[PDB]
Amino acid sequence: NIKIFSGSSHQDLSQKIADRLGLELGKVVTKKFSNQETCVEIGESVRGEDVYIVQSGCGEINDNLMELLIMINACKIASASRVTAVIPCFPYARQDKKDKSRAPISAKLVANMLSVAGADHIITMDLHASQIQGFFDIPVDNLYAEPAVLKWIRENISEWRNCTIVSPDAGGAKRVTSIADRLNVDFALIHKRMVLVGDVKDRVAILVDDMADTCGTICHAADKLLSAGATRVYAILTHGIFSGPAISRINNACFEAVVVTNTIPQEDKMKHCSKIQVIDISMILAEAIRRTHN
């Protein structure tokens, strides 16, 4: 049967997942030692169980990554039948190639540390680059928020039939042209001094990318989109990291709303920013766990 465990990163999403599966949380004490070493004490048997550990790459990332690895190692030495790392926001994903001299491929390093910890399956959401599925030798589910983003647009944008949907960088063109084609609307591209390609005159601009970290690029992209004359600017990003001065920049930018999923906890950031709206996706992870559980 199923045991779902939660790490100290995003207890809310784990609770939603376990509720949707009709389970309890697997009882785990997750803290730090006096000298900041990660302390993981699982307080119930997992012998013969299919265990799922929910830990997102957010907060103090290395503590949560190491916590996840230690939970995997404990469950593996605990004679668990299978250990699955549920990672809604995959850490170190932007370091997925050697783009400069002597650079590390940190995402690949993370994939190998999960492998040697004892992970048998990975369930994640909107990988920055899909090719990260190839960093392993085990099944890696790359889930999409695209149905939930489409539904959010259709249910919240009055003028969605005549929007355009825009990318703030180059790399995000393929992500955008999908949903633009799925809504049957135009599309546009913003590149870095900032240049705009496409027609967003007298319509609604929805910026879409996989992630929003410092939000400098989407804020200057919204400013370019107002320069080109757009009745309203939205930003729908899957992972709402919001690091550093991000909140200040979205509060001063001219967005109608800024939409993210709950791959990362947003309550405290939503308290300091009124434009933020969060989507479900917890039902998408539960169905990947239940589908995985044969």
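We call the rigid core whatever largest set of C-alpha positions still superposes within 1.5 Å between the two forms. Numbering follows the first chain given and starts at 1. What changes on going to the form deposited in another entry:
- Looking at CA displacements between the two forms with the core superposed, a shift of 2 Å or more is confined, among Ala253, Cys58, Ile247, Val46, to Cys58.
- The two forms, fitted on the rigid core, differ between the two forms by 2 Å or more at the CA of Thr30.
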Second form
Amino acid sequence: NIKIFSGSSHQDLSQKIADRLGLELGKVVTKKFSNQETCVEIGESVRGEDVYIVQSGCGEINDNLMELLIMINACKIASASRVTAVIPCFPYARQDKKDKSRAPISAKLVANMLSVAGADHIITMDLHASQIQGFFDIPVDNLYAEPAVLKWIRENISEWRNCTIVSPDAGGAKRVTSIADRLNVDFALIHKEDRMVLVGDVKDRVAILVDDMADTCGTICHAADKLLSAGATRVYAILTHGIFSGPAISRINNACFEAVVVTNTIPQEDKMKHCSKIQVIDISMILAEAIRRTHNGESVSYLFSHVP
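Having seen the form deposited in one PDB entry, please provide the structure of the form deposited in another entry.
Excluded here are partners and other molecules; the one chain stands alone.
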């Protein structure tokens, strides 16, 4: 009685997941107006069924978020037994603190919206800040791409046993030290003051910039120069979420990266056509597995240190 639906026309990721579960994506009649006012219609009964809605990758974040909330609403009032929002890349995740300003904690607002819309459970990957799980009261499964990253590293970087994992900023210290300790290698950190300061040993070593996401890439691009100027043999950047908006693709093609690796939490096909340094790690099996485990009441923690 499992039912999986896709956000928009970006069946992409959602279709891979459905395939891995031996299912077809459920039918959804969609109509979009001038004003981008989204009207959705669930094309099949979900009464008494375990529903999973996978968010699109359309690019327009507000349209995608509303579409998601609207679909959650529709399934809930259509008597679904349970509705789970599968959100690979959590919207407004970066806006999770006030940081000495009269700003909104939009990530909390989003969590509240998902809650009132009718979400009973959230499945996501690499929340920008683990504390975001505390923005909900409903259970959240925060999947890590770490296992998949450690594996990609050991298989694609010959010098991995002597590389350095580097955080592009101060906040990612924990993330990198965790990966460095697992691989038993060094770590380093970059801190932007407009000037970057690097601490840690990278000389004559392969440097691997690791972060949860990359958007305009101004930061990772500048970190790469800094790393090379410090004596790094070559530089890689591995982000789980590849937003790559604005001049990102332009900055990547010009940067000194050996390669830029990201998962497919966000559609990457079009970006790859204009950027060859980009390589993608498919995380559909991890999302597919978490969904199947959630449905069967089986252990999902198994995926935090294991590549299905």
